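Fit chains B, F, C, A and E with the ligands to the known structure of chain D by using the hints.
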Amino acid sequence: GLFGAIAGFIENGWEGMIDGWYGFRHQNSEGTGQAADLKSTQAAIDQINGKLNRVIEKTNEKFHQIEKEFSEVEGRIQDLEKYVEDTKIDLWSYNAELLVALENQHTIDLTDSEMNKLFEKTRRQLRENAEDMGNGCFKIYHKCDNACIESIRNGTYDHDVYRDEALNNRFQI
Amino acid sequence: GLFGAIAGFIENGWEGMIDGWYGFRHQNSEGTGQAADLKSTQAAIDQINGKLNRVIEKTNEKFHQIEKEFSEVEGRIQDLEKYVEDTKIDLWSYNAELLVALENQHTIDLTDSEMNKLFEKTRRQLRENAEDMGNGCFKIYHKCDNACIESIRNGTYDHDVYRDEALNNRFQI
Amino acid sequence: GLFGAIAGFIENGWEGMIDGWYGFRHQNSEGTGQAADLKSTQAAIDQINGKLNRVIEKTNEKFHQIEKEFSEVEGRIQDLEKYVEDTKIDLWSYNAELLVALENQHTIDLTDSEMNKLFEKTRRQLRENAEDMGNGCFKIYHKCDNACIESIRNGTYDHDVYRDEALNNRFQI
Amino acid sequence: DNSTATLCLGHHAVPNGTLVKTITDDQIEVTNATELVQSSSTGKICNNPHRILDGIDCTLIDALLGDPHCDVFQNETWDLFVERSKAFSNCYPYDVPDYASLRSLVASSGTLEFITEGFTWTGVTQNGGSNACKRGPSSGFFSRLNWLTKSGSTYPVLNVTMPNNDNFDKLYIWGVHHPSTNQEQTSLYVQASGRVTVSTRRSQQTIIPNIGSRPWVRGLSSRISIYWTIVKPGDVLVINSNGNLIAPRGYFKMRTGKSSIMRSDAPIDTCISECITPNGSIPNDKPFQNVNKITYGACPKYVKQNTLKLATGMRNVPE
Amino acid sequence: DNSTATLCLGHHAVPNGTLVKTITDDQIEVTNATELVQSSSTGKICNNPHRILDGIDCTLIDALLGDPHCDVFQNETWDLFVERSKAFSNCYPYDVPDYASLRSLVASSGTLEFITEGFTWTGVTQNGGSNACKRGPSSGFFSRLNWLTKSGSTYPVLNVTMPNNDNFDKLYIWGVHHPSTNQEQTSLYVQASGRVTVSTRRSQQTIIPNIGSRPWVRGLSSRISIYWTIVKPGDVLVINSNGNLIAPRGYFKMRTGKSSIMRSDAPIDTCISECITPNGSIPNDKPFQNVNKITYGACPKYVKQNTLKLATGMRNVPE
Amino acid sequence: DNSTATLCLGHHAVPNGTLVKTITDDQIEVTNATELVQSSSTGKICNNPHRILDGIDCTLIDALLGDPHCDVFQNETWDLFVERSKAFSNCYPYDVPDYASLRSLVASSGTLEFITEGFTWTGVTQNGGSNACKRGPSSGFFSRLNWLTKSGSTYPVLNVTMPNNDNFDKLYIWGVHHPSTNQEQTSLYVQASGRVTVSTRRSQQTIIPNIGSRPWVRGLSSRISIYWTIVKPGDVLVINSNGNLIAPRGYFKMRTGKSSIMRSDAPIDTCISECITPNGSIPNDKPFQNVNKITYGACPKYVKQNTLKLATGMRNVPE
Ligand SMILES: *[C@@H]1O[C@H](CO[C@@H]2O[C@@H](C)[C@@H](O)[C@@H](O)[C@@H]2O)[C@@H](O[C@@H]2O[C@H](CO)[C@@H](O[C@@H]3O[C@H](CO[C@H]4O[C@H](CO)[C@@H](O)[C@H](O)[C@@H]4O[C@@H]4O[C@H](CO)[C@@H](O[C@@H]5O[C@H](CO)[C@H](O)[C@H](O)[C@H]5O)[C@H](O)[C@H]4NC(C)=O)[C@@H](O)[C@H](O[C@H]4O[C@H](CO)[C@@H](O)[C@H](O)[C@@H]4O[C@@H]4O[C@H](CO)[C@@H](O)[C@H](O)[C@H]4NC(C)=O)[C@@H]3O)[C@H](O)[C@H]2NC(C)=O)[C@H](O)[C@H]1NC(C)=O
Ligand SMILES: *[C@@H]1O[C@H](CO[C@@H]2O[C@@H](C)[C@@H](O)[C@@H](O)[C@@H]2O)[C@@H](O[C@@H]2O[C@H](CO)[C@@H](O[C@@H]3O[C@H](CO[C@H]4O[C@H](CO)[C@@H](O)[C@H](O)[C@@H]4O[C@@H]4O[C@H](CO)[C@@H](O[C@@H]5O[C@H](CO)[C@H](O)[C@H](O)[C@H]5O)[C@H](O)[C@H]4NC(C)=O)[C@@H](O)[C@H](O[C@H]4O[C@H](CO)[C@@H](O)[C@H](O)[C@@H]4O[C@@H]4O[C@H](CO)[C@@H](O)[C@H](O)[C@H]4NC(C)=O)[C@@H]3O)[C@H](O)[C@H]2NC(C)=O)[C@H](O)[C@H]1NC(C)=O
Ligand SMILES: *[C@@H]1O[C@H](CO[C@@H]2O[C@@H](C)[C@@H](O)[C@@H](O)[C@@H]2O)[C@@H](O[C@@H]2O[C@H](CO)[C@@H](O[C@@H]3O[C@H](CO[C@H]4O[C@H](CO)[C@@H](O)[C@H](O)[C@@H]4O[C@@H]4O[C@H](CO)[C@@H](O[C@@H]5O[C@H](CO)[C@H](O)[C@H](O)[C@H]5O)[C@H](O)[C@H]4NC(C)=O)[C@@H](O)[C@H](O[C@H]4O[C@H](CO)[C@@H](O)[C@H](O)[C@@H]4O[C@@H]4O[C@H](CO)[C@@H](O)[C@H](O)[C@H]4NC(C)=O)[C@@H]3O)[C@H](O)[C@H]2NC(C)=O)[C@H](O)[C@H]1NC(C)=O
Ligand SMILES: *[C@@H]1O[C@H](CO)[C@@H](O[C@@H]2O[C@H](CO)[C@@H](O[C@@H]3O[C@H](CO[C@H]4O[C@H](CO)[C@@H](O)[C@H](O)[C@@H]4O)[C@@H](O)[C@H](O)[C@@H]3O)[C@H](O)[C@H]2NC(C)=O)[C@H](O)[C@H]1NC(C)=O
Ligand SMILES: *[C@@H]1O[C@H](CO)[C@@H](O[C@@H]2O[C@H](CO)[C@@H](O[C@@H]3O[C@H](CO[C@H]4O[C@H](CO)[C@@H](O)[C@H](O)[C@@H]4O)[C@@H](O)[C@H](O)[C@@H]3O)[C@H](O)[C@H]2NC(C)=O)[C@H](O)[C@H]1NC(C)=O
Ligand SMILES: *[C@@H]1O[C@H](CO)[C@@H](O[C@@H]2O[C@H](CO)[C@@H](O)[C@H](O)[C@H]2NC(C)=O)[C@H](O)[C@H]1NC(C)=O
Ligand SMILES: *[C@@H]1O[C@H](CO)[C@@H](O[C@@H]2O[C@H](CO)[C@@H](O)[C@H](O)[C@H]2NC(C)=O)[C@H](O)[C@H]1NC(C)=O
Ligand SMILES: *[C@@H]1O[C@H](CO)[C@@H](O[C@@H]2O[C@H](CO)[C@@H](O)[C@H](O)[C@H]2NC(C)=O)[C@H](O)[C@H]1NC(C)=O
Ligand SMILES: *[C@@H]1O[C@H](CO)[C@@H](O)[C@H](O)[C@H]1NC(C)=O
Ligand SMILES: *[C@@H]1O[C@H](CO)[C@@H](O)[C@H](O)[C@H]1NC(C)=O
Ligand SMILES: *[C@@H]1O[C@H](CO)[C@@H](O)[C@H](O)[C@H]1NC(C)=O
Ligand SMILES: *[C@@H]1O[C@H](CO)[C@@H](O)[C@H](O)[C@H]1NC(C)=O
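Chains as they are written, first to last, in the authors' numbering: chain D, 1 to 173; chain B, 1 to 173; chain F, 1 to 173; chain C, 7 to 325; chain A, 7 to 325; chain E, 7 to 325.
Same shape as in the complex, but just chain D:
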């Protein structure tokens, strides 16, 4: 994936996470959490839904066409009927093959992106109070209980409250 999150700096997925597509495993003083993020999961779902609907969109409708099977041998006109039918099937076959190839490549990059968006959104939300470990986890340099973790999750984290404490914890010799 073009963003190197899924199968990138995040080494693996979480077979435990049933509640959604993207989320948070945490570790603090008061224990352990694990919740799925709705806003990023939804985004990834609507877009894939949206693109599934585009592909499933009712393609056209024919009725009386040419005959496509023959019991007898006729030569020229029949030759032309078969060649028309064959090149038609070939071009559709290439369209179908190329469609999924493109779509799938994109679906992959779409989801990789959505994972990166959730990361950079959280990174900015934390400001100076945390550091990127490299593996998709931060180290929050302050006291951050389940109620604190929650505030990050629901988007309502105030970095000023913790700044003095975290900033100070981050620079010690």
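FYI, nobody ran anything at the bench for these hints, they're computed from the structure. Mixed in with the good hints there might be a few duds.
Here are the computed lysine-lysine pairs in the DSS-like style, where the Cα-Cα straight-line distance is at most 25 Å [said to hold, decoys possible]: (1) D/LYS82 to D/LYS62; (2) B/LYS82 to C/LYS50; (3) A/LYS238 to F/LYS82.
What follows is chains B, F, C, A and E with the ligands alone, placed relative to chain D:
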């Protein structure tokens, strides 16, 4: 957009900004500014133009073709003429439909990227003298008049000059 | 490229770098180094290989087709034979044009991405011991000989060892 | 009070997972996919929403002409006419120059309404029957055709007209007799060399009959060749003949519609399925199909591939 | 003395904006777009850059043969022949087996240059006219055709040759007469059963005439069938006939052009439009068009959709 | 003791580089690419892996019928039949109504196996020859054809059957003679007006001969028209004639195969190339090809472009 800038961490656009595609709204001690960035705008316009030309590039040119309308009922040969015409129109209709879909999706991610490029370019230019608020704005932790803001805009911002002042302003208890 | 690395914040490539696609030019106290990164180069080679193979993948095979050249003038049936052949060739010609257009756009973005992946991976590795200059170079704010540079290169860099010295070097008035 | 905290971000993986084709990857595993190629069928044709006519043991041509065992199909109408493989002809032996075209053009018309017109056949005997085409107790002929023999011993030069004074097109189906022996030729038609001309104002066609033995088809060496002439509104149909003419009783109406014909042995069922294939009705929820290139209705595009997975989830990276 | 500063980055939005189709989105608003489908026409055909020939009230076929009112078209040349629906025929009643092919192959030739060759018709009367085909004061015939009747009361077996000793192809247009009555048949041709053979060294074709009534077309029940034979450089044309022969006066030249024909009633104007359609000329600035599948010149591809917006700006996110 | 360090990240550039088309760029330089359009040929046709048959100076039709110089091709078999332009005919002058179709269906058969069937011709002379068709010392005829003249001075009405009691399809190739003069017509066939009917139980065709001059081809004005009839397993072949019949000696076998025919003058070589083109064999390592639209075997798609570079490296940005 794959980069989450436009319609992402930048909540909305600026109907005011007539002078260009990407730019800077600011707020300092000496008042208010607002200018558009040329390099990023140009980049986005050239590529969109570059791709417009590709699409408008004169396709093929026929002359004597088959007949496509018939006053009489003729059966088999006419069935073949019509079917050939219909499958051709369908395969072109798909190509046209899939073209804009691919092109449009790209055009969006392209502009999203160009936005993101400008952001990261500015982020690197500021080094330690600023912080990302999350909404596509920085807090420049030093004194930065219209002449200072300008230097960022035109790419000639010297972070050393301000580092000691900003660095010191950033870590106070 | 969508990521703004190659032909972006890295102003030029390195005609010297024969050993690989991506890599490191360094400058420390003990001298000068230059190596190519295997993992990112491989990722970028396997993908381009992976897609070359998809494209070269045996397309179909015909045998007895229609005739495509005529010494006599015949009218209707021949008109239909030629038009079938001509429109077939055109749809293939468009597929071939649009294929490389998409493929090439992607190959470019893919390699731009792989460059960006290597960059952010290094950024994360260094943690607090370095700063982004803007041109794809870090200033490592501590002492970092050839053995130290190597540790970054092979992924086994310990930021704790150097943090105190670097962190301290980074903030002096 | 002195400690930190860890916050990890991540995505989900699955135990199973699905291989999928990408642009750079032949096969690669994702969280989930859906099949884009429809590759199975119910095995039978739904009676909806199309108007289906099961030809049972009649071909559209036999039904058209009026083969006695096809008498049920008089004036019938269809969206799809289904021809079964067990179909047999049991009338006078026949053949159609461009059989294919007649079968096609009538298929598309999607109607067998026959309007009987008062043609006058001066000085020739009508309603010629035959043991090779039984009608109940006695013998007969095609219902939409009039077999003309001679009067006393005189078969005059037939000169008849029928102008199209309506606003629709007319379809006339008429024939030419080819006797086995010169002995037979004269007994029915007098002149040992017959001739049939049928014409409009725009075009014509003259058929000269050809005496000689064909192989035994229903105890007969003789044949009837079937021909068709369409008459536009305001045009006229002229029929000439000094012998061997199989007269039309009138015309068939023509419709420009969405109707057609299909060879299939699939049963017919009570259900609704927009897309029909000779293998049975198929669902059209997918863009592509691998069942049969021959289709009727709003169908998926026929494609060579039997499977084609569209990723509906992220890349799957397991523990 | 101490304070900070704020620098925001952003993009522009618009008050209006355009809905657009994407890969994940049926409709989604962007800053601006352009139409990729050309869906309107001027209504008239520009006289440039193509050489247009207005048939007015003449079909190409009538102009070819030399219907008196189509005499203006002698030796004419075109890139596009425009056929109007107000076109009539006002010569001897006729039909063409494969009219379509003739009309086509002549269209592609893009020329009506006729070369008069000294054919010799021994023992037969030439230049037969008719009131159904008036020429100025008296009555006439097709200009590119010779009507052969008999001499005194004898119509010999016509046996003539005309070798193609040139380096280009020759196009020969000839006919066969079908009389109404056996009375008419012998009065012109003696032998009650005529015959026409026309042949090269590579192929041949023999047409036997067919007597009988057709419907009144310009007061006549008789018809003329029209046929064509192309003669390669080096080959020879042979013409046999014991009667009913409508002789050629020479040949038409052939060109392998980019020329063609089009049915349309659009007026013709003074302007330059490369792409032509029966609805009139259309500009070719767009890749796709929805006006008409029938086109001439360097044209956009015909497509089923009436509109297809291509995004020329970012996603639009308003305040 | 104060020290820092610098770590730069970069990518490679090349001195040369390659221009490439993109979605947003007409031309743009990358680090490397490969050709996707195969545009040159070896000039010769590899004898593998297909079974190639070089017609030399024989056409498939001449070889079929049995033109004496084409006697080498008896019972022959091909995947590809290569027709050379130096090919001539040196038997009785002939033409084939729908030559193109015959040439094709036999091409696809891929075999010239001929089964001699003991036909019985009562009261007529067989094995008619001609000087326009020399067989070694004396004269002769096509090998797969029997030329029937009269006995003493009588030519009875020929009535023969040949029922297909096998499980494969039969291909019968038979003819009809067109004499120059009525003087010739009677000298061979008695009845001045011959007639040939060939029929199965499904369909039929009668050919009436046409007397008259054609141009001198091998010193002759007469012609033979060639026709074909396929007979399904179970069906019967009937042949009637009161003159002018060119009898079949038996039938050809039929195979539904991958076999075909191609016009080309390329020499044939010892090598293996799956894909064949009239220009010679071409490799198929590329998905597209610009050599020729006419191909045989597993070939790349013919495409209008001579070149189509696919980037195999990053964007090139040099010092
Ligand atoms: C299939 O469809 C066709 C066509 O129908 C059309 O399409 C369908 C889908 C519907 O939409 C329908 O509405 C459309 O019309 C149907 O074909 C009809 O078939 C019936 C019988 O099955 C025919 O009726 C018999 O006609 C005999 C004589 O026919 C005409 O010719 C004589 C000259 O010989 C004239 O003098 C007559 O007047 C008849 O003239 C016809 O009259 C029609 C009605 O006015 C006209 O049709 C109308 O045309 C207009 C256009 O303006 C519209 O289109 C109308 O909708 C349309 O109906 C027609 O043009 C005209 N034809 C001609 C050539 O002039 C009758 O003799 C015979 O009567 C006997 O039987 C009766 C019992 O049923 C009985 O009441 C009578 O007394 C008489 O009895 C006989 O008496 C003698 C005494 O000596 C005895 O010896 C006999 O034994 C005895 N016989 C019997 C049987 O007892 C019939 O009425 C009808 O003509 C025919 N119409 C057409 C147009 O073809 C067909 O029904 C459908 N098939 C099926 C299976 O459903
Ligand atoms: C349309 O084009 C066609 C074809 O032309 C070609 O295409 C065009 C587009 C141009 O590119 C052009 O350059 C091409 O050539 C044109 O068709 C021509 O039409 C004119 C008249 O309109 C014809 O001229 C008349 O010929 C009569 C005799 O016909 C021939 O046959 C007799 C035997 O019976 C011979 O004795 C004659 O010599 C004629 O022979 C022909 O001569 C041609 C000229 O050399 C030859 O053509 C040339 O051929 C070579 C081949 O190598 C090249 O191809 C050249 O390019 C080509 O020009 C031709 O091969 C040859 N044919 C044969 C079979 O041998 C004449 O009798 C008659 O003359 C009368 O009228 C004159 C006044 O106009 C007058 O001056 C004469 O004195 C004479 O007067 C008559 O005299 C009698 C005496 O008894 C009096 O009683 C009468 O009252 C009196 N009559 C009149 C009316 O006053 C004509 O000259 C010409 O033959 C014909 N050519 C071809 C090739 O078909 C046509 O012009 C174009 N149409 C339009 C609307 O523009
Ligand atoms: C091309 O292939 C064709 C077809 O072959 C098939 O396809 C190929 C690919 C192979 O797979 C092959 O196996 C397949 O079979 C070949 O065609 C064959 O050609 C040979 C000779 O080249 C023919 O043999 C001559 O037959 C003469 C008599 O003809 C028949 O009719 C009379 C009545 O008029 C009967 O009485 C005869 O018995 C003959 O009847 C035929 O007999 C065949 C053998 O059984 C039957 O064929 C078989 O059919 C079965 C089906 O059940 C299978 O399909 C088999 O595979 C198939 O072989 C055939 O059905 C049957 N037909 C009928 C109608 O009954 C003979 O007289 C003549 O013999 C003379 O020459 C001999 C020298 O070689 C000599 O030994 C004899 O004694 C005799 O000598 C003559 O004597 C007189 C006496 O007075 C002298 O005056 C003469 O001078 C003297 N002559 C000579 C020359 O010295 C031949 O044997 C054969 O009929 C024919 N078969 C078929 C099926 O068409 C062909 O060979 C291949 N071409 C090439 C170039 O390779
Ligand atoms: C829907 O219906 C379509 C039309 O029927 C299906 O396509 C058809 O599939 C059949 C396969 O059964 C093809 O029929 C032929 O099969 C014979 C093989 O049978 C004989 O040969 C073997 C040799 O191993 C022998 O052992 C046996 O005893 C048999 O005698 C082949 O010889 C033929 O070449 C041919 O393949 C049809 O050709 C095929 N039609 C088309 C147009 O492809 C379709 O697959 C059905 N799909 C579904 C989902 O139901
Ligand atoms: C450019 O020219 C093309 C060729 O003319 C155009 O395509 C054609 O468009 C016409 C539209 O009229 C179609 O013609 C027919 O329309 C009648 C409708 O009239 C009758 O029905 C109504 C019912 O409301 C009734 O009230 C009236 O009294 C009439 O009886 C239909 O009955 C016909 O089925 C038919 O649709 C042509 O079909 C169509 N051509 C083709 C090949 O489909 C094209 O649209 C023009 N484009 C532009 C931009 O000018
Ligand atoms: C011409 O030949 C055919 C076939 O040899 C003869 O028709 C056969 O006649 C017998 C009894 O009359 C039937 O049992 C056969 O079934 C017929 N065979 C076929 C193929 O039709 C016929 O007698 C001959 N005709 C003439 C006029 O001589
Ligand atoms: C055969 O029938 C046709 C058609 O009825 C006759 O032609 C009509 O003749 C009269 C004048 O005698 C014209 O007014 C009509 O318009 C003609 N009808 C048509 C349809 O053209 C013709 O007279 C008959 N011919 C013979 C030889 O008997
Ligand atoms: C009909 O005309 C043709 C052509 O003029 C005559 O055939 C020519 O005959 C001579 C020898 O007699 C040959 O040298 C020529 O080559 C022939 N010409 C062609 C084109 O073949 C033929 O003799 C005439 N036929 C009749 C029956 O009168
Ligand atoms: C977000 O989480 C915090 C901490 O758990 C809590 O105060 C509140 O429920 C949430 N905020 C809002 C606005 O719902
Ligand atoms: C950039 O802006 C600064 C501040 O106004 C000014 O000194 C200078 O004109 C600009 N730099 C360049 C290189 O023009
Ligand atoms: C990484 O580089 C360091 C310094 O050169 C070296 O000690 C070590 O062997 C390398 N690590 C691994 C895992 O190979
Ligand atoms: C192009 O192919 C490879 C892959 O990019 C590259 O190393 C080389 O320079 C080019 N040419 C070759 C292998 O001939």
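Here's how the hints hold up against the structure:
1. D/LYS82 to D/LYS62: holds (18 Å)
2. B/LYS82 to C/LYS50: violated (30 Å)
3. A/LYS238 to F/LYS82: holds (21 Å)
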